[PDB]
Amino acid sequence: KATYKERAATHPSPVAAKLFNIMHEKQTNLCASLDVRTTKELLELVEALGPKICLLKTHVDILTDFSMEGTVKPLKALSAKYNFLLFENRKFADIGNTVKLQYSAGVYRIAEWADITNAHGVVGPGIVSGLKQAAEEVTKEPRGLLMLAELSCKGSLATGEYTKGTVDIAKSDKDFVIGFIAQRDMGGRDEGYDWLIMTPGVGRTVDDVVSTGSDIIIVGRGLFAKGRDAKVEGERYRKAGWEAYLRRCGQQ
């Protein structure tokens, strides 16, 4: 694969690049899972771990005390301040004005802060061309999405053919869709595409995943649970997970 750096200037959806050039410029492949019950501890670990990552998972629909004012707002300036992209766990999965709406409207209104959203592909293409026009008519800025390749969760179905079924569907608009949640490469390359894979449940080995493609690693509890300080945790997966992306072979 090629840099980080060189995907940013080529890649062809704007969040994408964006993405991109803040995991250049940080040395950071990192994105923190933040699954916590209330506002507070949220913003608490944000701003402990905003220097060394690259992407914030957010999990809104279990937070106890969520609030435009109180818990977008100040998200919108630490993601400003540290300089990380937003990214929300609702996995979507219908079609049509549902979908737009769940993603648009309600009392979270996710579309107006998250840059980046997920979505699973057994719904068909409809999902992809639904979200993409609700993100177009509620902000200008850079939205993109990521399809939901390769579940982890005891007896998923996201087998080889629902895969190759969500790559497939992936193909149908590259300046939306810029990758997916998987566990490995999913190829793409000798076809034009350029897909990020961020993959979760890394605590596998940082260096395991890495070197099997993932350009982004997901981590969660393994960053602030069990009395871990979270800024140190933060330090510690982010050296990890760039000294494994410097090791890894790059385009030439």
Given for the second form:
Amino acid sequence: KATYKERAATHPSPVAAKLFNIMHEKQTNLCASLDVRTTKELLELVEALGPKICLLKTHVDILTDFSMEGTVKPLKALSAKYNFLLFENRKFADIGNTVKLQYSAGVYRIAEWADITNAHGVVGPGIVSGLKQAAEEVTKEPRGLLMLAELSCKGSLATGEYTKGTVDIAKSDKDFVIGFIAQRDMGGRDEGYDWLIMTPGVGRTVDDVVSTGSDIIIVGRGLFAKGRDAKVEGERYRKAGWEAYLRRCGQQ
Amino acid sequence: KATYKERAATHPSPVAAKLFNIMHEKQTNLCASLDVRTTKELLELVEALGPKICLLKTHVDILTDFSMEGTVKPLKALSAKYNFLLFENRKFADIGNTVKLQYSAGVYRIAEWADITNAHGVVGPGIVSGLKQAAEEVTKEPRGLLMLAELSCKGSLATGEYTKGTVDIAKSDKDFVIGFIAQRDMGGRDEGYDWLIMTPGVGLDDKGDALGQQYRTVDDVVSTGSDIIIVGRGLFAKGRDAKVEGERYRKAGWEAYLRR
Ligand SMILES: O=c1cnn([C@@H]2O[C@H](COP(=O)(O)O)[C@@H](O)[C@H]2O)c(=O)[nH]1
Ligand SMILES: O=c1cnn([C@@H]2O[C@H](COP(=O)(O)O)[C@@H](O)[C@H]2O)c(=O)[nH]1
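Can you switch from the form deposited without ligand UP6 and show the form solved in complex with ligand UP6 instead?
Starting with the chain above, the whole complex follows.
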């Protein structure tokens, strides 16, 4: 693949280009996935990890005290201060006005602040066109979507065929669908697609996933649980992921 | 398949047994799927459709004025008065505490009032065990789950292999997973399973109605294996009389069932 810097200069999606630039500038391909109960704990961890991440994956549905004023406002401020994007967990899986409103409205109003979101492909391309239309009506700010091509939960049904079908759906909109949550490269280069591959469950080792084609490593509890120091772990994983990236052979 | 009455007598799920009995007693296998924007319109439609349905499928996420006091309270009252169950649309698709709270909390607190809910099987059996645990913690009332085995939306990935995988996940809990949202019979009888097959997208081939003719007919789906017909806008859109349409579809669905 091309370097993050190169991909930022050519990508059709403004959000993807913005993310690739952050990665190049901050020398990080680390995404911190934080699943905590309170806004206080969330903001604490984000403050500590901000300098070392390119992306923050939030889990607003498990927060007990989510609010636009108390959660989103300070989170957006941290995003701006430390320069990283916001990716909300909510795994959309519907179409039409139902999915548009689950994304744009409700108490969470995800589309108003989440730079990136993800969707299950099982419901068909309607989830892509629906979320795209909702994003456009909500804000002029760049928005992008990741398809959940390969899941890692036990007994998941994201088989080869399902993944192939998901990749095909992604090809319907290279402007809005910026990549996948997956465990391996999804190809596409020969066809003019440049997909971001974000891989969770990293601790498989960083070297393993980055070598197989992962562009971003999504690390969760390994960064803050069990009395760990998030600032220290943020640097550990950032260094590991960046060095693995530098060792990978780029397109010459 | 055996009759609805017979199936109710031997079903392991209290919710499915309750539903099958409602179907037999009211002579209906009709589920009204309402996707209106206001609670006022919803309550009006439910009142009109109550006597003719066995199940009401709500779409709370599109309501512009949802409230536990103004929406759920009256809905439960109608459910008790007219004897039908509540099925909320929310297509759950995650696991662990995330899916548990999406089902139990938030402003909607779905588990507190929805007799039946549905889940995508793609995430694995964890969605079944998680929703089940949440249901037990939230209320003493019995709860049931439907797996989204076959989707009708354009370009969906509910292929034969995906459907088989979803059916296998349902087999993991016969007490909680009562059936599927599907377009055909899912079998299981030889294995000791009695799944409710609920099928959306049904029409009556009305004269001059190209829109409704895009859908399979009631006779087609029921004679093929569907147990419940999920009818949408054909019940109330275009200035239609919901009570009249409710009876039309109930009649068609029941007659097709008896023919079966
Ligand atoms: O301590 C943990 C537990 N889970 N995960 C991983 O996170 C993903 C699930 O995250 P999600 O709830 O955001 O989908 C899976 O890949 C799982 O291995 C972690 O990173 N850390
Ligand atoms: O007027 C309509 C529009 N859609 N549907 C059908 O309803 C389902 C969508 O329902 P859901 O939003 O509750 O999933 C699909 O099968 C679709 O063909 C109807 O029954 N009538």
